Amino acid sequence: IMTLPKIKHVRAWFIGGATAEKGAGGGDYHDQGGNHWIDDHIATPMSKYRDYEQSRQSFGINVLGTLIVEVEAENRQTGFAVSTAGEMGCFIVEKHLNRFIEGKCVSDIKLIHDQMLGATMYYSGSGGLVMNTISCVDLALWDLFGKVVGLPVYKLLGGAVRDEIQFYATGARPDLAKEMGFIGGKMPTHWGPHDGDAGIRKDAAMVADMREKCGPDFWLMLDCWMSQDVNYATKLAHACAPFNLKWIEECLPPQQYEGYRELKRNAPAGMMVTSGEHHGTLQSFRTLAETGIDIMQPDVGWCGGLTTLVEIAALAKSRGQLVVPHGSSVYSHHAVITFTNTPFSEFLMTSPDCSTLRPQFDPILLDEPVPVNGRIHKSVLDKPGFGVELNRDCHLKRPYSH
């Protein structure tokens, strides 16, 4: 019988964000520099305002930065993970959650997860910042456990059900993504309800253009980042039907479950409606699943962690729905490669012009794998835990201690 150490210390650092270096990248996908496609007139709930139409950074999509949580066992072995929360995430970990973590067995992952959820229920809002922090802790625990046992997380979960993960790429250049070997390209919408028919025409034209350049079998999708309403989304979906748009994603703010139900009903035959990257907690996904949307897309570092993701996958599978996580690099890879209902995954372009395979969480993760020819072979994930190390060369800040 293998002997397991207890958890000795949990620490939290951050990089980027409003109190550090802007454009740090890492865990915060949107903490980028200038001239980045991810900040290029992307439609949002705020783009209706002239001062916040051109840049999401201008309204503060980058204020949080990256949260880093590292758990150390009594035998000095460490595990860690990253997410979006930054300094505030550090407060929550160092001043609150540490009490449920330290002293526990490295295998007490689900127990710590339940305690974190129960203890923060009064201020977590079931998603966002607080849940992102909880997720980071959950992931750091799985990493530590795997590194202690000496097994990749995907094997602890029950093994891979496919020999490689195939990816679609999210970014402004589906055509370049096809050349790279991805199976599809998801583009962000640039116009919203306030732009009316002109907005619909322009984004639909963008899709038509890529369909011409990419051929019929390369998938094309639209990401709407909570920026629309039911009528606008319905018009855009129908305007893109002639081009076989595979799915239209996150058209509405997360609380609008009733709206999603209606939008799905209004969708063109065969076109899928998806959402979920901003939802958190298993119960929220139960409600989301019942709206009838086709694919739920939780972010492993935002939905509650791997522990929660695995439950969401089961929920989707029980209904014949698919689960395709939002980015998340290795934190998603080790999980989805074991899900029969996750036939493909997402690679969210961090490359400013979507022309190169810059790592998903560059540069906070050392030896972070990237898709090669649009795929990641399971052997690439054959490393303890989530298989990566923390890049301490980055300027990690420790705002709190205990």
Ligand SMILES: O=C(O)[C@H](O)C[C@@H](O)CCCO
Contents of the next structure:
2 protein chains.
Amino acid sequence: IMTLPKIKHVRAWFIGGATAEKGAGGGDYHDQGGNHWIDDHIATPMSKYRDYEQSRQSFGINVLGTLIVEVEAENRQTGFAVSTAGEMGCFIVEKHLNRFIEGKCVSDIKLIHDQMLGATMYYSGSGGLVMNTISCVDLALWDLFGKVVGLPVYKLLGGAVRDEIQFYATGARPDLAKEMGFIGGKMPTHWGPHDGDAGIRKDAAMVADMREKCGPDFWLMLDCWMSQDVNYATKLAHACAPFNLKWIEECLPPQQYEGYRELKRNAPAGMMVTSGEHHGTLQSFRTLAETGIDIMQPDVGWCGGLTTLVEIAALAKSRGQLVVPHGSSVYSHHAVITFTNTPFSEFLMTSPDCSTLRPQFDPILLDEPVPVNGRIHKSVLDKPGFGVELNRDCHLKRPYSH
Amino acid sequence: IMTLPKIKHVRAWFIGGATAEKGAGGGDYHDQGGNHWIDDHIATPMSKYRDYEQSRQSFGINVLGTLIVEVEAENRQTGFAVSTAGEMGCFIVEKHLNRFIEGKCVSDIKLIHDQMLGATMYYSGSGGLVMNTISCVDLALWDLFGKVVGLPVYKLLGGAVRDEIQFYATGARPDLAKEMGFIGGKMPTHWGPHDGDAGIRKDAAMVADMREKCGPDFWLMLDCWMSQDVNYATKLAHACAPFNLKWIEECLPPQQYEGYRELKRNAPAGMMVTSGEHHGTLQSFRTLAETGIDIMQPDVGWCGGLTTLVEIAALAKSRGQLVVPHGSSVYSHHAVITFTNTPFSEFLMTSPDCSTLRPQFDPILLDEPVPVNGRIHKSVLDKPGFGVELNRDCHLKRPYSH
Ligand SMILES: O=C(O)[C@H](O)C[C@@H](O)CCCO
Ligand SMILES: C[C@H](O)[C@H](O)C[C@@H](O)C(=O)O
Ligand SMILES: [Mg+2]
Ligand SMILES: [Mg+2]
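Starting from the form deposited without the named molecule shown above, please give the structure in the form deposited with the named molecule bound.
Next comes the full complex, and the chain you just saw is listed first.
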């Protein structure tokens, strides 16, 4: 029998965010610099305001920054993970959650997870900031466990059900993505309800243009980042039907379950409606799944962690729905390669102009895998835990201790 | 016409919490000391764990502490409010929300509220910590506006619809509350699902005992603080029917809307099922209301603020449902005294043994009204804003600035 060490320490750091260096990248996808496609007039719940229409950074989409959680075993072996939470995330880990982590066996992952959810239920809001923090701890624990055992997380889960992961790319250049080998391209909408018919015409024209440039089989999708209402989303969906838009994503704020049910009913035949990247907790996904949307897209570092993601996958599978996680790099790779119902995955372009394969969490992860010709072979993931190391060269800050 | 000043500064402080003095009380109801009824073997989602069964403080119900938000107008007049968020709440106000507040007219309350919701949607989780912070800002704004205009918030809202507010008391001593003049007493359950039939027997016996001591007309209620499941809650509800328990509260975690619908259907005839203190955003309450529960109980400082509470009241009223806010002291008083569908209100005993009328938010609020003979006359609320001043004698800490 294999002997397992206990967890000795848990520590949290952060980079980027309102109290560090702006544009640090890493865990917080939106903590970028200037002239980045990911901040180029993207439609949001705030773009109806003139002062917040051109830039998401202007309303503060980058204030949190990156949270880094590292768990150390008694034998000095360590595991870690990153997510979006920054300094406040550090407070939660160092001043609250540490009590459930330290002293546990490295294999007590599900126990620690349940205790974190139970202990923070009174202030977690079942999603967002607090759940991002819990997710980061969960991932760090899986990483440590796999590194202690000497196995990649995907093998601990029951092995891969496919030899490689195929990706679609999210960014402003589906055409460049096709050249890179991706199977599809998801573009962000730039106009919203306040833009009316003109907004619909413009975003639909954007899709029409890429359809002409990419061909019929390369998938095209629209990401709406919680910026619409049912009527606008319905009009946009129908305006894009002629171009065989594969799916229209997150048209509504997360609490609007009833609206998603209506939107899905109104959707053009064969066109999928998706959401989920901002939802958290298994129970929320149960409610989301029952709205009838085609694909739920939890972010492994935001939905509650790998422990929760695996449950969401089972939920979707029981209903014949697909689960295609939001970004997440290796944290998603090790999970989805084992999911029969995750036939493809997402790669969110961190490259300012979507012309290069800059790593998903650049530069916080050392040796971070990137799709080559739109794919990541399972052999690439054949390393202990999630297979990466923390880039200690980054200016990590430790705001709290215990 | 009256001239209104612009908002010049917004500042956040905190007391209590994991990074200050434990047991500070104030905004965080649970940041108490030892031997307090509010921490006496209260059933929770964590009490199934032996190490966290006896005390909620042990699992960290007190790590956040009190958040204090003060908004200052150009004319030097100030308004403020308190809630549960502490240090992290300060980060959110000083490093993110300040951009939507400063520079606005003191009357731009609803605008600032919508911008706070839109700008934090990507990490707010629609409730909990972030929403508590937003609520605190909202309340501070109403306070400032009323103080600038020279009117109590309840008059700005459209006046009182009753001359006094009648209260029920939450605590371990319904009998002592009856002597104090309260119209009812809500007790916390001490056992949970893991305790099975014995747990049900014990909490039901507790209700039976108070029914014998208090008489038939004094109301009795059970608060279950998200600690049960549908079957346990159903059994407990039926076990308490013989004693005419008025309602059984928050039996399930907030995301379990489907469970609440089932619980309400299973409830004994005439017995009410309530929840809502941990829910946030108007949309969540729409979903909650549709489960059919009888009373929604948002906390003004957690649900999104006064701006949101007024909307929730309209939602409930449109359906014939009642809205009875969770604690909140003056922040609830000024709102509910104007609600036709809030016939009574709650006073959560901060007194360690529920024998005295220690102020709801003691000691952070100066001149904080307390029910006298179970009531608060509207004349008591006849002061600008929410009618109270910040107890600057407390050891307020300013972790962030901008
Ligand atoms: O699904 C995703 O990769 C994210 O939602 C992309 C998002 O950050 C860009 C805004 C699109 O409207
Ligand atoms: C005593 C209970 O656990 C809560 O702290 C009280 C709260 O839920 C209320 O409704 O007052
Ligand atoms: Mg998306
Ligand atoms: Mg309650």
